[PDB]
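Before any questions on binding or motion, here is one chain by itself as structure tokens, the form deposited in one PDB entry.
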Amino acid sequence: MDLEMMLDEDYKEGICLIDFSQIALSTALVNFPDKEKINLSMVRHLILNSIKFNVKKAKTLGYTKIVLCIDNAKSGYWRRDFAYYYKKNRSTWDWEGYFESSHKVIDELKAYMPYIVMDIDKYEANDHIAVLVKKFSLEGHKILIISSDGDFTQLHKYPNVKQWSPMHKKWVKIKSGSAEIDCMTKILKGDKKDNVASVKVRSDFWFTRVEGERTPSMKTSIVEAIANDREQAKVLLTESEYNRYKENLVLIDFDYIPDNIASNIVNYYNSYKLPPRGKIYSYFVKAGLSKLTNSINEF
């Protein structure tokens, strides 16, 4: 079904990439209490109410082709194959209950819903989002990344990229200067939440530091310069700051995603198996989502 009133948008469809493993996990985290067994219906409801919410925003803004991007670390992330400390990061909440449940729901989404579910074992949600934004932003589409992950601010260098934070209800705003600079900060000073260290210390600094340890100060001057001429990495830096830098690029700058990976992702997506706008009504019932049939053209 699509007999409509959809006010004058654009040929090159507006697209909404959704950092899935955010909106589900961190919604579960604020919405579900301490050690009480998190059950599949608790999980499912959350995920669909959360999809609905977001989609309304996405569809009421110009963005119509929705994509759900999921972390798949089953065989280990590629970034973690290159650098074992990556996101290794070093309970009364039912982690396991939430997880076993959400895998089930993912499958159902792949199965019964109108969304490209980008999930490829070994690639992160960030890869899907980063890559697909590069492709389409250049191809003429308008893009909206739904996610509060500051790491995506580097993707704002690309035209017609806006970002919404599902949690805090603001627009994610470019943070000091340009995105080129923003990227170069996480490159040089590293990214604590991702376990990426400054280029002024060892690789696995965050995963191995002894107490007392501090990262040597990194002048902003150096950041701004290099950001404006990455040829300055060779001058402003030591030989080992510079190698640490080359290693941080892979880990942080999305431009450094292997090409092979960017095809593998776009291949999956071009050829994705999108199911019929009608299996929706028979999954709600299948599962127990009675209360939802009555608002469904909302997807």
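Only the largest set of C-alpha atoms that superpose within 1.5 Å between the two forms is called the rigid core. Residue numbers count along the first chain shown, from 1. What changes on going to the form deposited in another entry:
- Aligning the rigid core between these two forms and inspecting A227, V105, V172, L132, the C-alpha positions shift by 2 Å or more at one residue, which is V172.
- Annotation for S75: C-alpha shift of 2 angstroms or more between these two forms, rigid core superposed.
- Once the rigid core is overlaid between these two forms, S203 does not reach a Cα shift of 2 Å, moving by less than that.
- Superposition of the core reveals a Cα shift of less than 2 Å for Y85 between these two forms.
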The other form holds:
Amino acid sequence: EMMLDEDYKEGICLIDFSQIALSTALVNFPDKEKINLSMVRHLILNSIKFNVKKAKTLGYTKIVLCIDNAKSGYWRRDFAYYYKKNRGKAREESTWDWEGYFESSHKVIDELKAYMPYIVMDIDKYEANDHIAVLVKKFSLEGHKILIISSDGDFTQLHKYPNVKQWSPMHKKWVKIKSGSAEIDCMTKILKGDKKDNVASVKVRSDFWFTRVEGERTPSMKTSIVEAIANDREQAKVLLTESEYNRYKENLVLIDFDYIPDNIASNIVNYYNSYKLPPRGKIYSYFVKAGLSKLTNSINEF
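Go ahead and give the structure of the form deposited in another entry, now that the form deposited in one PDB entry is out.
FYI, this one's just the chain on its own, none of its partners or other molecules.
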């Protein structure tokens, strides 16, 4: 029986929220139109209502909204300047109002922190995946069951942790965390790169994807090397050259959640622990102030 067991260490839901909101915005807001504060506030609140309802029915009552905040870049890019620069380039050339979207979304995130009953993990230069990785490690060790709500995020690196599930709202399905190939899949990114984030192979210079000249290519790497190092990372010093090994060390920081620097992880945990949760009364007053007359009818749903 459910009643006879809603756990003393309560279930925690971490929502990969910026990606859900942005995906929805790219569908709902057309190109060549100014994206304003009210548009974004409505979208964010509607998305929260849908996804919190989901967590709650699945039995995970503590909600943490994990936010991508790249207003001033990325801590990883302070390490590897080229990290994710391909993403910025693409947004520059778009006719969608990225500037208005981001400006409005930052304002709304601040309203959530002031008024809504969720822990909003938002720190400039920190990624939603950083909050999820660090908090899953923390909460899983403390004995909490965890639900990650993320449409397309790959959280298979978290395969070692007990009682972690992932639900994809976009695809309406459960997503494997214990995939059976998590270490190999992680190592493939470390060794061969992850082009979508401008991470290059260990067989080329660190900033290859950002500085590539015409005709340049990535030398291939044998799958067997990837599998060998995935199985025993000490093999990196045996199967890689010195130059490749130095690149492997760089790529570990860019890819592997276990290589989030101590200060970054400590900052995330400290921000969580000190978080000032708004009194539940502030929801109604926020909805009135923002003129959300339809949502005032749905307070209990938040």
